[PDB]
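K.L.:
Listed below are the residues making up each chain.
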Amino acid sequence: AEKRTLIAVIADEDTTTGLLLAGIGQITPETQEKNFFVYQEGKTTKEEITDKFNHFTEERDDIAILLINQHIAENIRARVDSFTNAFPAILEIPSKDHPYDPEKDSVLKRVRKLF
Amino acid sequence: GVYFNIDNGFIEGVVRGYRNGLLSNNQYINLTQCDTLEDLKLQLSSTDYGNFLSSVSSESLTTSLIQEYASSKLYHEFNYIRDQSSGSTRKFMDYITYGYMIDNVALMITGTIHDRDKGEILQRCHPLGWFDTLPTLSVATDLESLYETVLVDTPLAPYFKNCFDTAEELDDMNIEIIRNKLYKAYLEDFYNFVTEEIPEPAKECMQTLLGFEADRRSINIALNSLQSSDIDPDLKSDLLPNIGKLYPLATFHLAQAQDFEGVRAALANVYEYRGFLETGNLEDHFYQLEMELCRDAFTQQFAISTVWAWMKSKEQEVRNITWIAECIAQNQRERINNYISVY
Amino acid sequence: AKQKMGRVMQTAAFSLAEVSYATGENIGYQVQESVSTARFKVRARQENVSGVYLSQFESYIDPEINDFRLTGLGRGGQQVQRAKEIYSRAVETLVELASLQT
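Residue numbers (the entry's author numbering), protein chains in the order written: chain N, 2 to 116; chain d, 3 to 345; chain M, 53 to 154.
Hints are computed from structural coordinates only; laboratory data are not their basis.
For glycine and all other residues, C-beta sits at the position ideal for the given N, C-alpha and C.
Watch out, some of these pointers could steer you wrong.
Claimed, not checked - Derived EDC-like pairs (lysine to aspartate or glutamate); straight-line CA-CA distance at most 20 Å:
1. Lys75(d) / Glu77(M)
2. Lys114(N) / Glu148(M)
3. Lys183(d) / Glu77(M)
4. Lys56(M) / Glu104(N)
5. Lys114(N) / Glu104(N)
6. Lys120(d) / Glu14(N)
7. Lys314(d) / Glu70(d)
Stated by the list, open to error - Covered by chain N, according to a simulated footprint, are these stretches of chain M (three or more residues, beta-carbon under 8 Å):
8. 69-83
9. 90-96
10. 124-136
11. 140-149
Bound conformation, chain N alone:
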């Protein structure tokens, strides 16, 4: 699939700002959208976060990776199945306002369980 920049839908506001500073977001003039969702942690609804994660991971056709930095349970529950078909929708768990402990990391949990 076509190359794309990592989205920060489930990351913190500071993480989203850092990604934007690095240049991890592109505009979408077709529908006035963007390659990265708003990291409205503590303000956006859990259902809204899940919908944004699904849109980035299922509706989007680009190869954008995803950021789940200290994501709320709205993304923790979805991560149990969102990892399937890691292309074009990749997943990751950066650091955020809450510490990026590996205990809640679904990928790390799966890697440990496979051992």
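Position chains d and M relative to chain N; hints supplied.
P.N.:
Coordinates of chains d and M only, in the frame set by chain N:
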């Protein structure tokens, strides 16, 4: 200066007492050895800030939150000083506010080119640079509406009418052009204002400190405007403050400085900026110079510029507090001592 | 690489916040409005690891435009460089995770 104490005397006394509350290097060292953010607030309560941050739980405390609350108490107190004085000093403090006001209006310009949201944009506005018609200006549906509402019933009008013509704003980048040239117009007007109605020595200190701020903005413009080339030098020459103390003999070369070589040649020409850009980060050098001039202001005892000196000093102080809080929260203890304040 | 990338993320966050300290207020909406173009992207690649065509994405920053950090104070460039290094490290981690899944 004996007429100064006719009406500003109470303001002078309260501002000097506030200077007595400024943080010293020794208590910066004391705050350095703190290991955790809650330990930071525990030791900071012993300082002038007191129990200000007793309304938040330790788990909810962040460096951003302490930044916001300290700046909030400072803004309360600046507003108190502003509304506890009248006349020439009142206009002076308005001009002090006007820079933050320029930044805030420039921020509001974004959100009008693209109308993604209004309410959060208005809320996130930092409150020091507030004026009456901000909520009205926020409901603007296009650049034109903001353009007319900012040319009437707000201090934005003179700068806008001087710099812009019938809202030709979409073509120009806000932050690089719309914000900075507007800031320039504000700065020229403020320097003029100080040159007519301020008395000595407030004059002899405020004019050179304003010239320093003009120089800092000019150098920042010159260095940040060489990475790209779409800022043509004539606009760059226009964009530079055109008043200060390195003007014109250094401003001209900066306008025609095309690369880092040009800016190093131009800026090193003036005496007190030799090696200023050669070593380290410009943040430390520029803030150090700013604090030296503020300390210089404090040395004068009857002068209007004491309020400028105090509130720049307190703003840079809260910036140091944020630096310490971040360098302890985010670890990386090797950069604690970057704090700039000298008291 | 989990802890390595956590360390690199917190370094990048510190660098961005230092740039914010340089530029007075937070980079905030001025930085957010620069989402028009992306300076970093994950280029497509296919490396035959042990005979399996693993889809390991390769990080490739955009060499055409880097104006997203052109605003305010001079430390924006250093903050952008730190965040770009952090993005490269995280992209390597994500490519390794995709390889692990495949």
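K.L.:
None of the hints should be skipped; say for each whether it holds.
P.N.:
Each hint tested on the structure:
1. Using a Cα cut-off of 20 Å, the hinted pair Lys75(d) and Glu77(M) holds, with the two alpha carbons roughly 16 Å apart.
2. Straight-line distance between C-alpha atoms of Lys114(N) and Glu148(M) comes to about 17 Å, which keeps the hinted pair within the 20 Å bound.
3. Simply put, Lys183(d) and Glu77(M) have alpha-carbon atoms about 18 Å apart, close enough for the 20 Å limit, and the pair holds.
4. A hinted pair counts as satisfied when its Cα atoms are at most 20 Å apart, and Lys56(M) with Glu104(N) qualifies at roughly 16 Å.
5. Between the alpha carbons of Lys114(N) and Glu104(N) the distance comes to roughly 12 Å, so the proposed pair stays at or under 20 Å and holds.
6. Straight-line distance between C-alpha atoms of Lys120(d) and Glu14(N) comes to about 18 Å, which keeps the hinted pair within the 20 Å bound.
7. Restraint check: the Cα-Cα separation between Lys314(d) and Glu70(d) comes to about 16 Å, which is no more than 20 Å; the hinted pair holds.
8. Given a C-beta distance limit of less than 8 Å, the hint that chain N covers the segment 69-83 of chain M holds, as 6 residues qualify and 3 suffice.
9. Counting residues of the segment 90-96 of chain M whose beta-carbon sits less than 8 Å from any beta-carbon of chain N gives 7, enough to reach three: the coverage restraint holds.
10. Against chain N, the segment 124-136 of chain M contributes 5 residues with a C-beta closer than 8 Å to a partner C-beta. That satisfies the three-residue criterion, and the hint holds.
11. Counting residues of the segment 140-149 of chain M whose C-beta lies closer than 8 Å to any C-beta of chain N gives 5; at least three are required, and the coverage claim holds.
Hint violations for this structure: none, all hints satisfied.
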